[PDB]
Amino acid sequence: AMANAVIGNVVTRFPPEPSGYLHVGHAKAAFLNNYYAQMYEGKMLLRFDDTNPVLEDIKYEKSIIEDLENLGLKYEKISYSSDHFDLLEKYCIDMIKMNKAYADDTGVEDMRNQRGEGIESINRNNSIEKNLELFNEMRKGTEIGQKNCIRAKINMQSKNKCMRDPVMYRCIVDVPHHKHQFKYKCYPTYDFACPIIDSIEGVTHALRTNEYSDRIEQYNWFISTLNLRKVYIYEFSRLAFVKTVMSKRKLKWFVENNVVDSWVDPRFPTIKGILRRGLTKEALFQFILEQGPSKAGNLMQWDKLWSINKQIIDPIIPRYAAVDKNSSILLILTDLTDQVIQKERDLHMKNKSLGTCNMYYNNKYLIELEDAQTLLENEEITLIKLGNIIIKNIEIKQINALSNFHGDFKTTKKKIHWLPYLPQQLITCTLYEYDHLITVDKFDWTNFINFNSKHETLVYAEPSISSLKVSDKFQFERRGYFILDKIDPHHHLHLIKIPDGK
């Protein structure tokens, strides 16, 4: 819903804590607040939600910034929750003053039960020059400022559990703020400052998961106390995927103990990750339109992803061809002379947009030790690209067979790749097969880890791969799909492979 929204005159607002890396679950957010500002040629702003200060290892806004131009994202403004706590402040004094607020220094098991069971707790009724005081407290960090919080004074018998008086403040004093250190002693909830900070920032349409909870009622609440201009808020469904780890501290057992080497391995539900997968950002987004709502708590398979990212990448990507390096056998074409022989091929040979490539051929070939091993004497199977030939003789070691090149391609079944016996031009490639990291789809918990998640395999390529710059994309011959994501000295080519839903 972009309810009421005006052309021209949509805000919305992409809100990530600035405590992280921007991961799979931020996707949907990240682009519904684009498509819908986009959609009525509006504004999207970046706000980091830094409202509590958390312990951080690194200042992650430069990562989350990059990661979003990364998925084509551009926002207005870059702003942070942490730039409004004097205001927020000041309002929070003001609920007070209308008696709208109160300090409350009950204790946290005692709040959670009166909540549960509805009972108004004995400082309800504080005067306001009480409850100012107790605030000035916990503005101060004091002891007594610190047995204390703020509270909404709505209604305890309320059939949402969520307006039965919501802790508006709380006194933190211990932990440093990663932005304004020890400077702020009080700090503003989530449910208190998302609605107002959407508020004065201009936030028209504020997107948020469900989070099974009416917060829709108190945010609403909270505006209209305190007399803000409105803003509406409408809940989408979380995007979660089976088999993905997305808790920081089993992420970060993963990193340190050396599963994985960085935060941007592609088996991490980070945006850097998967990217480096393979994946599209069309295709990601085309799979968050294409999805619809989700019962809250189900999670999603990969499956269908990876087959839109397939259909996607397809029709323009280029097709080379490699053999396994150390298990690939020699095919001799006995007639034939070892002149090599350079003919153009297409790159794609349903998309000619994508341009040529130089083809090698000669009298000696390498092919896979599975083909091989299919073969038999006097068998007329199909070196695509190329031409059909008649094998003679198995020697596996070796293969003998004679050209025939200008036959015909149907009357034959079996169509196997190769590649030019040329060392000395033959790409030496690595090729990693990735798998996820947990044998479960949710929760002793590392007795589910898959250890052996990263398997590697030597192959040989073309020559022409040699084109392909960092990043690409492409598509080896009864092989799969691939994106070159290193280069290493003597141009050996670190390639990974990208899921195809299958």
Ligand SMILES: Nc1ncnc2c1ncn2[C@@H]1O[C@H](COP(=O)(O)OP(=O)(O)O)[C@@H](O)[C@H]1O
Contents of the next structure:
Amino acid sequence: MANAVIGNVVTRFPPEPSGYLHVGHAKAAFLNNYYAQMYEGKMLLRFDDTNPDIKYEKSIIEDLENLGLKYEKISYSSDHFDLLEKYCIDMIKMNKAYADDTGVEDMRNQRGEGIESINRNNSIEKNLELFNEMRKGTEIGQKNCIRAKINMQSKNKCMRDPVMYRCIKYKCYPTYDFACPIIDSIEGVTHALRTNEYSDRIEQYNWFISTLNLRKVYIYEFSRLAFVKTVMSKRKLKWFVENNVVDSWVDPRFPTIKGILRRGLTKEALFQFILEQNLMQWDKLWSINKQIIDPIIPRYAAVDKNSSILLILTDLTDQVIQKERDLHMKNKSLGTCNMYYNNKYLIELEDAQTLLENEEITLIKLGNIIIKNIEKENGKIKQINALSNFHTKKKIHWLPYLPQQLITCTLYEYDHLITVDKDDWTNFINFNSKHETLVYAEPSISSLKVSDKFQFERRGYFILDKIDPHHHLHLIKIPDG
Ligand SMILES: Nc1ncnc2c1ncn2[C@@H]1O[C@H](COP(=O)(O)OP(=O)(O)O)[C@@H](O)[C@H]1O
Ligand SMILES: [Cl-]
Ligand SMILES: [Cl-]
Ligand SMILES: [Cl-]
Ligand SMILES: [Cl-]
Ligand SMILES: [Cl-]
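With the form solved without the named molecule in hand, show me what the form solved in complex with the named molecule looks like.
The complete assembly is shown below, putting the previous chain first.
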């Protein structure tokens, strides 16, 4: 941040309302916030509608609210079109801008080979009256674009007469390249943050600023954020949606901020992952998210609904005993859930198959028990009979066989959308990347409210997405890196 001064820093986040925000957007928005906060500065939110819906502006304001960012003001590039017009005319009168009717292909490698276009020497007043043709929309006007008069022979291709105004309320619109430095300057930005993929652009940016004798804006570049096995092109994502491969932009497989928060990511983890680091691997982002959520979420129990095996404590009765226990043992201010138990339990079959005819084991948060026999009807295991011994390296989780109180849950597990890491690209999709499994979970889990994060013991981490009628829960699995 060159020549930054505490209390005199202004940054801005300038997304286009042409789609929903994704993770890379989140890096930009966050870094703008981080540099503004570092100097006790101000951060503007600019909707960049230079070359133009409102559903997107709404979605943006909600995603920013969700990331916890707050802005001093909201502006639209549109709001300065009249002024940009004025500046355009000024440049025409300084012989710094001219009207051009050379064709797009021709113009493209006239630029490539550095020959001055025909109109580069146009008189001032022809340039102005052509600009008027453009502002009215005449067939002349549409054949004409205004461009800056810089240097067709510069080693920097961005310095070779870039287009400033195009004919397309307004009949003519400024390009990004021209609108960005002017608007940044007059809005009071002091430090404009931009992806360093647009890096040849800087000399042009500053050119415009000095050529109009405007207050300089420093540029701070950063790397763009891209992930393996991920697509963030807006066209590829709408393709996913239109073929019902997903059925919403909020799908947990989508790198949108909405989708990624639904999937379990915490804003804290995303910000830390941005600070504490060719594509990136989701593994480290989800490992940070794990480290962050693990000590502040409760632990509940679940067993497979269908493969569950019945365990009997022969020496107890069918009187259900209740015991308050703590949700998370380590952080004892997280609260207490309730634990119900009696003589009949459900355990996993992957656990049932592991018990030998006289082992001692431990039902977590309850106590040790003594396995007595393994009744196996047909080939499978039908039932297990054990002994209370409440007063071992086989500690298993369990549910009390109380079906009118156990909560039924669908576990959604997701895989990457595409198969390669980065025209016949749809052959690299994973369509069967949404896995459902049904479980019973602990009665006390009815406490949870939608959006809550928790852990299923010896299963993994989950977020409660929706609650169906009849208290049926939908649980999205949070990857754990
Ligand atoms: N993948 C990305 N990673 C980081 N920052 C990005 C990424 N994509 C866009 N940005 C930044 O997001 C801001 C708004 O982007 P937007 O105008 O929507 O541009 P784009 O057309 O590149 O999506 C810009 O500052 C842009 O440089
Ligand atoms: Cl960086
Ligand atoms: Cl892509
Ligand atoms: Cl959905
Ligand atoms: Cl990064
Ligand atoms: Cl995968």
